[PDB]
Amino acid sequence: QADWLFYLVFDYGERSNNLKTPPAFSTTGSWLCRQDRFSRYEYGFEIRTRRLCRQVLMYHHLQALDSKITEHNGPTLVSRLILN
Amino acid sequence: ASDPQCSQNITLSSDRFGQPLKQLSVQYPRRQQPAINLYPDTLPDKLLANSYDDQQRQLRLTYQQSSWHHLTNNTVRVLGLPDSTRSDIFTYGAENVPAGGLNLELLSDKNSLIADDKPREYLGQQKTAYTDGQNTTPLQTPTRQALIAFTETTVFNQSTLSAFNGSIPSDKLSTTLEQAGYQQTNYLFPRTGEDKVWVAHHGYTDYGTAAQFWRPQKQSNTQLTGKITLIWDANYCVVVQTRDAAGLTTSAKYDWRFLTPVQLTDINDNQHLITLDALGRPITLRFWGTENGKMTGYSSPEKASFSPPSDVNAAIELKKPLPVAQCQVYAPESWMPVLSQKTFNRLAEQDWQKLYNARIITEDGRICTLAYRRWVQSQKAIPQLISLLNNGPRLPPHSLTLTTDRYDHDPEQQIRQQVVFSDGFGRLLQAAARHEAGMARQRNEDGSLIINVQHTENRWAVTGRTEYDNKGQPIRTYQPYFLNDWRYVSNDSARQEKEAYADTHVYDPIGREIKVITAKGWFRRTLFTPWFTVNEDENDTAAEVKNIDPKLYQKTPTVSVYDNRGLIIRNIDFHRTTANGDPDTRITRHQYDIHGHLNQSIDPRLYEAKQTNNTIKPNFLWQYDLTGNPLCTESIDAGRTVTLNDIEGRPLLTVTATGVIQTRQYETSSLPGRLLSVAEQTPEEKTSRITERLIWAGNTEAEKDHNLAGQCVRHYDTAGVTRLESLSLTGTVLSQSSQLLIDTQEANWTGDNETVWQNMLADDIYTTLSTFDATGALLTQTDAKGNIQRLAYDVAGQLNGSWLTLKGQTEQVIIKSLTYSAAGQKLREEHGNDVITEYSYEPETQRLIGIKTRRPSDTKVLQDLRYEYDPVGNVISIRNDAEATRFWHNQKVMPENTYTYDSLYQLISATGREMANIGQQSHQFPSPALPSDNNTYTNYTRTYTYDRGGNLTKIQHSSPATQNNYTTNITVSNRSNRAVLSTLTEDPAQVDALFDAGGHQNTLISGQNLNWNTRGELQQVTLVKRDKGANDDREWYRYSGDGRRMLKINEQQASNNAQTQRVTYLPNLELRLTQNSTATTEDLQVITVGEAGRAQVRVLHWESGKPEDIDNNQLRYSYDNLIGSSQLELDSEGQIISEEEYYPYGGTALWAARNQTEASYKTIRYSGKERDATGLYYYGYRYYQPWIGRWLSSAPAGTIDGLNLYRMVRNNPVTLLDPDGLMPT
Amino acid sequence: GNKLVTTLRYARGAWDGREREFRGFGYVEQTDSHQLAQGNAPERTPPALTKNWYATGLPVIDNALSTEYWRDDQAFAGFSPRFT
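Protein chains in written order, with PDB author numbering: chain A, 253 to 336; chain B, 925 to 1470, 1482 to 2160; chain C, 757 to 840.
Hints are computed from structural coordinates only; laboratory data are not their basis. Every residue, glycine too, gets a C-beta built ideally from N, C-alpha and C. You may find that some hints are simply not true.
[Stated by the list, open to error] When the alpha-carbon atoms are kept at most 25 Å apart in a straight line, the in silico SDA-like pairs for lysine to any residue are as follows: (1) B:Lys-1486 / B:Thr-1846; (2) A:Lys-320 / B:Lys-1177; (3) C:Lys-759 / B:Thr-1442; (4) B:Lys-1960 / B:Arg-1910; (5) A:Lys-272 / B:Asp-1927; (6) B:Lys-1439 / C:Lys-759; (7) B:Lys-1827 / B:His-1858; (8) B:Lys-1395 / C:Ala-793.
[As the list claims (entries may be wrong)] The calculated label-pair distances, taken between Cβ atoms and stated as ranges, are: (9) B:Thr-1133 / A:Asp-288: 23 to 33 Å; (10) A:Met-310 / C:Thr-763: 33 to 43 Å; (11) A:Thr-279 / B:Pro-1433: 52 to 62 Å; (12) A:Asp-288 / B:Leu-1294: 14 to 24 Å; (13) B:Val-1300 / A:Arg-286: 24 to 34 Å; (14) B:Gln-1303 / A:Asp-288: 55 to 65 Å; (15) A:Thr-279 / B:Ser-1604: 25 to 35 Å; (16) C:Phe-835 / B:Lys-1120: 36 to 46 Å; (17) A:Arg-286 / B:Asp-1235: 36 to 46 Å; (18) C:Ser-836 / B:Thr-1133: 49 to 59 Å; (19) A:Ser-291 / C:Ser-836: 27 to 37 Å.
Build the full structure now, drawing on both the sequences and the hints.
This is the structure in structure tokens:
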């Protein structure tokens, strides 16, 4: 993560999106399994998908960009969309 | 159905990567006139007759040649990197169009119109100079990064160099072009036998390296300018500290969450700061910096804490002493109703989660619109929710700005609060500014407008209100008004409240507006055909609506007739002076060149003369370079002007219409390239003088302390020197000085030593000071002697009162109070002499339709003027219902002044009341009648005769009561449109002899000649010519760099009046020194408040020679009529000192005063200008001549219209005004 | 309260057959109509029609479409495809 300044993150349910505080860049949760699970077979094998994106969010590494920012700034949330 | 215009674009050839190597743009000619015209019902007979022109029937073939680099191999693929292009045009007639038109096979054929290798006009070529970050020498091929060093383009070839005519020798031209930065070279796509062309190089970049990411390090707009630089931030993604060639450096800090600069520092080290909210929207700004090395503003946030509210109501109610400006509140969600605590308590407290899970209630309590409607459709709706939503008083998405102008210790001026509402399409619905207490429209809680008004302290000026069609076009607009709220008013009630004023916009299927319907009671309308556009004004459409009977304007539209390149070639006007006659169809003709630029233009009068006498030239003739710059212009009325510019586009060498040679010295390419000086000479002079010189500031501490870095601080011109002492943080002059040249000195600012310039300069030097608020509004002003003004503003930032103290004196109130309409027009003004003016408006147009001035202590009406108008806006009548005035004998009521116009809105006639003894209008202003004279005033009428060229030729004046019957006869050249009175000549063949090469009139009357300077301002006028050793009575002037008059010097040479009347013009101060050649007779300092033509109040202060019947520190209040002409001048107690009526063309119709001593101090008269003793009144850039109505000289300003030498306001002096001369075009 | 309505008509569409895919509609007719709010104007911006013809790649239709065009006898000859 130190090699990059910006990050585009797709949340599949690993973190709460009903927070007043920002969602974590890196979390301990796990994606949520959707009700409408489905599969495709046109490639000769089953490709089954069980998840969908819940939110889309951007983070910027602010110390790499600025320099005077508190060390816990790699995962700094800038903006996000809620996909309900 | 027929005769469309048609164009076709044909790719002739392309490479394997699809790039257009060869391409032709085909413009087809106009189709042969058919038997049937499908639209004549609404046309004049001559619109069909004059619909066809040669310029509409040519086949125009514009051909492109091109090439691109392609870096293609196994490891790199970079395509489409252009390095060359050429454009040429072939022309053929209508007869050369192949049957069936043009297409690619016809064109690719060997013998086609462009395949046949015949000559064509070269329009230009361009080249790309590629680099590698090391060399300035262009690469044969580009790098992977396509780094471009610069762009080359053609500017000149022999057809454009010939355009310089005789203004420069060919030896000098070749030298000059290289000095000017042009390179003579070959063609990218040459043909056999072609000559070399000149190019300009621009857009220079020095690039960094891969390690720095491939970013620029240094750049220059052109080869001749200084390079500028910047610092890349640590990650080469952000620009830091841009820096000028002069060492002027800016600085900034970014909010890295948004990569958006938030802290900005200028070259004078002043600072601006904003912050951003969570979404990246700017929220409120702060500023600080120094003005005289001393810090001022709000400073940084830690010095004066402030937290922007999220609440619009709190914002509306915030206190004046905020340490911020432009405070923002955003409410984009206001359209979406929100759950209240009460409905929560009655329902959601137990069921919140059901509605939340049902996606009706949002995280913040807002109510979903689409999900809610679905909830209802599904029949799951709940009555507490239904009521909550139905009763939600939602407003369009909006925001509020709290505009402040306060700083430091001063919170005194109230915050300007503006709420703006947008629609759901991102368009602007309206905005309103909190205004002052007064009447306003009322509203109901459902946003329902009530037209009736009531007084309130809480009202906002609602403006720009617009309703849209959801494409973004207005379909309806509303007039401005005051509302006793800021909240948006429902569009439904606005439509219902018929008494409210609004306009309707009617569009065709394209979206072009074709009918405009106004509240005024009439409408505009237009017709489009492939060849012309017909603009029907209100007076024409008024014929259906059925004041001069609109039959006069029936079918008299203004019509634009186009060529087949989309340029306007004919301007067709229909001139009728009677509704029962035929129009004189007037067509202004225009010819475009091969580049589509105007080639030449001529009016109908000279056009027809030209047809029988071909030695008569156009009003305009033009020449252009290959980029379209106007290298040369020539006019039969105004002479020939030629200019050669630099690469940036600024002049280097120019020759005026009068032959004056001027040249400009700029800083070198290692420097910023700013102007340093201008030198000039007439053809007869061999050594030029430096008439302009600029001493530029750098980046030093002293310059920064006074905010002068990068500014020109010493400006030497034709009058003297202007010097900046200090600028404000708002960019205004905080302090400046000025010193003028001694009468006998010339502007020749040579050498490098200020001592010399100081010896050239007079010892009369002054400094003025100004105090500003944080937005730059003027709060106070100290003049050259020490007289001090103080201003007050309303919440909207408009002047709402004014005070003045003379040096050493107690402050006087000049304006007790001032207030405005929703449209910002003066509504009421209360003067310090206990005189009150009320302003009567027409809501339909928000036009001033009347002026009422009273002296409330005896409720005396001093004036009451009403203005009546036609459908377009020509005043057709003015009537003053007030008592005629104390200077009149046995007369109480003045007659209505009527005005008659023709179909072109020319003033044909006017009537009114004039002094019985006014006599002949001339250059000599009459004595006033005094009240003891028992003066008789009489009725008059005056008729204005215009020719076919739009020139005034005769003024027929009559007054049967005194038989003041005479005609002013204007003789106009029969070759040009130059004109003089019969006084100088009756012969149209000799009129031209009364003008110089540049169109400046040579003489006023026999014995009174006009001595013009090199720029066009009049240098000197002879008033009394004497012979042999006698000295002539003369008036001479000194003007500044912008033509502003600095001095008016009237020198009387008579042995019993050897006297100099010296008037110096200083901002807001007139220094009027009258002295005999041996002794001062009078010395008067006039300090003014406000502007002439805007009811300016003046105070007369004497240091010497005050008359026995004159008070010192005397206040003089000018009351102007609708056009700025001074109607009355009142004293400090509101009594009438004097009055004047004017003829429409600036003459004097009526003139009287209480005391001729007092009358002698009134100089501001017609349309706010002074009546110069010469009879030729100076307006910026030119002088007004009342017996002609066409001033004295021309201007380069006329272009596209095809206008003559000059005329006053398109001949409608009682409706249209142009005090600055900005109208011609 | 102002509302816009747009309605499209389709004609002459086609299927590829050989590569078995939908090719498109040879003719698309789009009408735009300004149903502006009552009480606003005495008249609405008159409606507009856009008539578009597209290549489908099926020459039978692409050629047939030539007779559906608005006609002008005084017009220039129309176009035909070019292969190179």
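These are the hints, each one checked on the structure:
no., hint, verdict
1, B:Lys-1486 / B:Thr-1846, "23 Å, holds"
2, A:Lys-320 / B:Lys-1177, "12 Å, holds"
3, C:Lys-759 / B:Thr-1442, "23 Å, holds"
4, B:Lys-1960 / B:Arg-1910, "31 Å, violated"
5, A:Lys-272 / B:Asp-1927, "83 Å, violated"
6, B:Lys-1439 / C:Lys-759, "21 Å, holds"
7, B:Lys-1827 / B:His-1858, "30 Å, violated"
8, B:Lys-1395 / C:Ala-793, "14 Å, holds"
9, B:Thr-1133 / A:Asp-288: 23 to 33 Å, "52 Å, violated"
10, A:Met-310 / C:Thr-763: 33 to 43 Å, "40 Å, holds"
11, A:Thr-279 / B:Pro-1433: 52 to 62 Å, "56 Å, holds"
12, A:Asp-288 / B:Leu-1294: 14 to 24 Å, "21 Å, holds"
13, B:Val-1300 / A:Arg-286: 24 to 34 Å, "28 Å, holds"
14, B:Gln-1303 / A:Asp-288: 55 to 65 Å, "26 Å, violated"
15, A:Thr-279 / B:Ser-1604: 25 to 35 Å, "58 Å, violated"
16, C:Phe-835 / B:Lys-1120: 36 to 46 Å, "41 Å, holds"
17, A:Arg-286 / B:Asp-1235: 36 to 46 Å, "40 Å, holds"
18, C:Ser-836 / B:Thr-1133: 49 to 59 Å, "54 Å, holds"
19, A:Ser-291 / C:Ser-836: 27 to 37 Å, "49 Å, violated"
Violated hints, listed in ascending order, are 4, 5, 7, 9, 14, 15 and 19; each of the other numbered hints is respected by the structure.
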